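Note that this complex is displayed minus one protein chain, with the remaining chains in position.
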Amino acid sequence: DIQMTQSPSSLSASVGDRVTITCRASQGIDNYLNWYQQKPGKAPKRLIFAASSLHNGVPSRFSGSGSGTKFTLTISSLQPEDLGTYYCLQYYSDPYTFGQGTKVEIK
Amino acid sequence: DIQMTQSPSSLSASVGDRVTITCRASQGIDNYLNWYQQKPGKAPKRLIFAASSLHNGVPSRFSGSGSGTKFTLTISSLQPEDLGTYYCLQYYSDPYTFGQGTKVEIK
Amino acid sequence: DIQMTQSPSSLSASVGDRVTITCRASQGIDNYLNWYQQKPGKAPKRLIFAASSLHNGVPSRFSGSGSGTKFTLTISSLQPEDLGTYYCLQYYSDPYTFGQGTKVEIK
Amino acid sequence: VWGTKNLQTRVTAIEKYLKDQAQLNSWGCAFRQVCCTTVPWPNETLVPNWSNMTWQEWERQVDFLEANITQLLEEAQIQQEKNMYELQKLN
Amino acid sequence: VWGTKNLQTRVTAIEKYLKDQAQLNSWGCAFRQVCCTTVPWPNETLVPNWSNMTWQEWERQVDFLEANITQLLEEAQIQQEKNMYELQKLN
Amino acid sequence: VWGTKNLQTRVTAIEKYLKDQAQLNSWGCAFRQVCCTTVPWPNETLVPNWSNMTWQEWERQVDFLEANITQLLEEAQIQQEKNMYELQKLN
Amino acid sequence: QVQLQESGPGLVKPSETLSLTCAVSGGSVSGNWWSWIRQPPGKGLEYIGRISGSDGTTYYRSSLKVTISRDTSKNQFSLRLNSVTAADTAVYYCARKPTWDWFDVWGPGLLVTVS
Amino acid sequence: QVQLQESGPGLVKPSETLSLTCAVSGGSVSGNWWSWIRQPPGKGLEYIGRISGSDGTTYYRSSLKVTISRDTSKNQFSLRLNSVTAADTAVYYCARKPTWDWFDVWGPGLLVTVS
Amino acid sequence: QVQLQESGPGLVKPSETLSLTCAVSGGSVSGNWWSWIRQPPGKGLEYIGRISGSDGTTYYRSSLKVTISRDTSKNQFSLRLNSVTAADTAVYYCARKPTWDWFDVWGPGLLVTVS
Amino acid sequence: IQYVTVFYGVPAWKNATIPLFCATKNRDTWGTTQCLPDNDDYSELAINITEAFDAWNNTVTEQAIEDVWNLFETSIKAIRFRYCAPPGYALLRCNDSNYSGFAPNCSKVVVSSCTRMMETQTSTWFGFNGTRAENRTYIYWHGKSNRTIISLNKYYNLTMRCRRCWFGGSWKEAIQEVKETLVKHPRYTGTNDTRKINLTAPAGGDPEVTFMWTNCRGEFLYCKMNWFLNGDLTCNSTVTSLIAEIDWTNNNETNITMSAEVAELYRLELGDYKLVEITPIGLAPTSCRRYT
Amino acid sequence: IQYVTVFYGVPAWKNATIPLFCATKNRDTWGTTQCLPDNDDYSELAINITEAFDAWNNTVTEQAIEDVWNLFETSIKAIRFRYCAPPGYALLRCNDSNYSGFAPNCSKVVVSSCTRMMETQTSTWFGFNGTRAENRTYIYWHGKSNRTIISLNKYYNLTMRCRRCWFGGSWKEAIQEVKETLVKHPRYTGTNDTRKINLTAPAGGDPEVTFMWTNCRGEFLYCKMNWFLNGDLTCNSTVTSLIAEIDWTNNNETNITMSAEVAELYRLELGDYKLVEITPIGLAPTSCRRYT
Partner (left out) sequence: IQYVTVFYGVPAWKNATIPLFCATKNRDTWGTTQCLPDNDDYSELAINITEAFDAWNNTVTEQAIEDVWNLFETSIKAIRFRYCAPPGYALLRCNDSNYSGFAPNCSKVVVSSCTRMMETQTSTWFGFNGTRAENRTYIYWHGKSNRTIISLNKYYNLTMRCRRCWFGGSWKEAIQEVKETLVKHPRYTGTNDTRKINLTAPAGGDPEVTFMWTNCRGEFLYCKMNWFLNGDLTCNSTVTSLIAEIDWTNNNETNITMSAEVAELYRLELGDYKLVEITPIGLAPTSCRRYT
């Protein structure tokens, strides 16, 4: 079993700024990561999978990267649509370890 | 002068297995190696020369590699034709050092 | 401020030999170097600039190189035209540091 | 005219010879016989049976899916390559 | 003849398609959309206004200077590349 | 017809321009002016006199040997390149 | 492309069988890797099991002692577990397991509650 | 392309104003970065200041307390300094500042002498 | 391509001259690098000398004090040594020295024996 | 230091002169003429930068006049086609409403992968079906010649009927307005045009100038037009243009020695098009540098 | 994760339609016709995968009928040639013995870089030299139409001699066997063919149908064939095929309104060939990934 350290769940940001969300890997999982965004009382929808593989729905704002031990998620801009909770999923090994979720509240 | 350490002269193997023969280099001879195979009471014939340079007579079973300090010879399969004694030759410097020969006997 | 160490100002050379002139950089100036050659009682003229960028006037005899901390100037051959004083100029930072000049005298 | 007949065949061969090499060499691989790409394979359940399967049959099985996978190459090449230019600026 | 009309157009496209790709691929960059070169940009005072400027207008502003910058590529490629061959000989 | 005459010359130039670049770019070197290959030179006793010798004369001296050296390139490229794919699988 | 829908009781007392059904329309349950995940109101996502419709693979987590059937019938599947624990109550979601493919869909789910 | 020429007094007593003029022909002083450098008879080149004709930048060395004007008039520029020091006497050269461009020209200059 | 053949006495008493001849057919002895190697019945291959037909190079091992001629005559060459030692008796093979070329041939050789 | 950087695919183009491909709908035109299939695409994008335009010197029309004549010669021994450029080539059109042949400063210009439909008619002294029939009236003027071609509005329709030509086809209200704009045409030197103008026919002599030439299913018609100014196949005509060579010898009176050249008719159809070769090479300075 | 991997040179092909090159031995055919030299290569390899085949819709024959007619027109104003595909193109043949024009499920198919020798003959009502003369008798059948063409075995040889045509050339034992297989032909609806069949000629009217057309060193022969059914140049003929349009209006009797089209004769020669464009692009999933 391994432990995943996620970014803080509390976030205060202004429009036009860059938001970075990270969940660190304990070892070399070899970019088997996945990401999701669930709205309040609604089902999640995929945005980026396999670390770096764009999924239809957002042109460039969502773009992850990283391999081996270092992994990061970079967002160029913040928009009203981006809101809710974020999770990162790993499935290299049988016992999955999940994040704490980010209760994002914009202002 | 340098000393060459060869693989054991005694070998027992079964059909369908991989046979690896190695003679280690004392320093960076820079892949001036050569190989030969002499049948009992018959002259030797070249199989692979200059570490990795295929010679006509065998499609893929004989294939060497390695450079600098590490050198190896890998054979994918064993066949009835492959039998006798094996030697590796180096000529980087004036005083040549030879192997002990492998009295290969299949079963 | 930084200090530049230049090659000796005295030089004795014969025809057909290679002449190397070097002025060492204190840190990673990132190849912002320039060179000049002033004749006695006449204005200097550029020969090589930006470390490696040929200037019209000499086909191949003048050719510098080097980046980061190491910088050198190599001349394949010596000719009667090559004579006078040599300097190397850096302009990465506001306070410029210059060389001592080479009173080259051929024989 | 037979003269136009011979000329028409030749130019078509060149016109074809570069078109495939024009579609190729823009994804990232110029002339390498086999090379890898960062795009994941969709629908892993459609893994082909490497033992009993032929190239001719399987290509037409994924004809409907060819037009979708090829488009993703354009975004992959430009996006990944572009970011490298800014990274080296600081150093 | 209309046959020669159609044929003349096609061969011209290939003739053009490789000529630019012949002028290119000799400087050092084969098919990379954007790549850097060691040649410094002359007359730094002519830096273009990236905000209010268009590619079509600026290209004709430096038409006189195009013939000079392109020649320096030939010397840069062969000279730098050639020296690497002798360096590896000793090792 | 003179129209076919002009067209025949042009298509031949492109047909030649890619054929040599088709024979090349499959050995491993695409457009590099000079590059090295792992194939040893046969018959070292035939080393050319670099001082007094010309390219035109020596090429026809080894015409009989050209057909043999070129074949070995095909095996060298595929065999060495293929093994690299399996090596990276474990890591 | 697909119009996933589901339904459930929504009222289960403690220590009774848990039954939840998710409907599959426009696709075959066999040949697709399915899984069940629940969202606790306060905690995050937790993996609780996996099942493959091809029947060639069967991988469960050896901490919950739970099994899920794959009866085709009319292209439907459901969860089976007994003696529901208070800590196990959560909002249950039905979806295919996350994989490295472009296709993945999830159902809104419904809340389970205990006294 | 260009035919730089200059002139000067050539005889300045200590503690008088230093005036030297370098003429520009065939080019515009504005839009070009100019600088003044002097060659001591025994010492090497030393940087003493910089000035830009665009007027957008002004960078001097904070060790000589000297300023240089850029009056266009008829495409000419000169140096201005007072109370010349004995150690400051040298052969003055007029030229554009060294940059990473193919174009750069220098003037022969003239010698300044003091008692 | 080539049909190397050789012959020898096969019966040499200790302390007599050693003579062995290897014939060359279809090729020129000059312009080719030749060497002599013997195979002891129990031990492996050992290098004993080298000779070049071009006459520009002459490299021997400074442990056996042995020399080999390169007389062309009718495209033939032989070995010359005196006072044969008991430990030096072995199966002698004639062949070109190993090089980095596609061409290399060896002769069957014949056994030398001493009392 | 800013080093030279090469860019591929940036928008840049120059003049060009090459033949074009086929594009047409109807088949059975001389054994299909080895013509490519036509794609239904009239899309046009908006561009801001101005581009030079011409109608007499453009090479696009020069090929049409030779191509159309060659097709007619085969008959001796009515189609609607189109030209589509290959990759790396594009066609420009000036959407300015005040186009008169010379628009070096086009306010809005569009880029199209293919031209429009065009009609081929071998006729003199009149402008047959055409394609530029619109509500706006304007006349082209040559800068190097005073030579011109007049476009006719579609509101008049100038009905014509020919048999075996009997026609009123005057539209007195129509001609009054159009000629008053020829005075308002961007240049009109002297000849105030105060209620005095006569369409003087070419002087006598050569037969060709004396009588017109019109084709109706292969008929060499030679009739007299003197009346207006001063079983059996039937056909109509919808006039849309008219060729004329304007000249005057004095400010008091003007004589219109109208021309009879057929080549100019096709030039009006494609007079708002030019072929430009796109150069995707672009060089810009950047601070980046190549490794070693 | 299995990432997409691109493969070059894997075997894959689709339909194609392009002209072919020359290949022939004899020279002096209209100034060599700019035809390439011919290579003696009839090699064929074995392939397992089935491939669709056709004889009426294939584009290879469509060019031959136009090419052969163009050659004859030059005479107005006997050769053996071959078509060899360029690189990236190949020709397929169905080696199944039961080929009858439609073989969508060919058991064994071969790939050849060049086609076979073919003969050009402008004749009607008969099948001249041909190349498919073999010991097997079979008849092609159209699925959309019922136009048939009958191949003739080489054992009969149906000797013909023409002068100035006098010929027995019946082979009563030969015709008895072949027609009994036309009943056994894959489809034969009604008309039990129990010892009753007549080769009814086309009804009167147009001269072309009434009399045949045969060429012997440029001779427009028009003779009568009514007898059998109910210095000076000399030539022979070795019949190998025959065109026919099979039609029936009642089960009791059948009338064979044989056709006289010349294009079908060449189609039989190349009826077991198709042109396929080879696409060397192949995409497969692999666990490998590119560095950075």
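Labels A, B, C, D, E, F, G, H, I, J and K are assigned to the chains in the order they are written; within every chain, residues are numbered from 1.
Basically, contacts are C-beta pairs under 8 Å (C-beta built on N, C-alpha and C of every residue); 3 or more make two chains touch, one makes a residue touch a chain.
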{"item": "Residue of B:21, B:47, B:48 or B:50 in touch with the missing chain, whole complex considered", "value": "B:50"}
{"item": "Contact footprint on subunit F, counting only the chain that is left out", "value": "2-3, 5-6, 8-10, 12-13, 16-17, 20, 23-24, 27-29, 32-41, 44, 47-48, 54-57, 59, 62, 66, 69"}
{"item": "Missing-chain contacts mapped onto subunit E", "value": "85, 88-89"}
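To be clear about the criterion, only the chains that are shown with their structure count from here on.
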{"item": "Fewest hops from subunit B to subunit G - one hop per pair of touching chains", "value": "3"}
{"item": "D-K compared against F-K, more contacting pairs", "value": "D-K"}
{"item": "Chain occupying the middle, per Cα centroid", "value": "D"}
{"item": "Cα-centroid distance, subunit D relative to subunit E, in whole angstrom", "value": "25"}
{"item": "Interface hub residues of subunit H, defined as touching at least two other chains", "value": "100, 102"}
{"item": "Residue numbers of subunit C (touch at least two other chains)", "value": "32, 49-50, 53"}
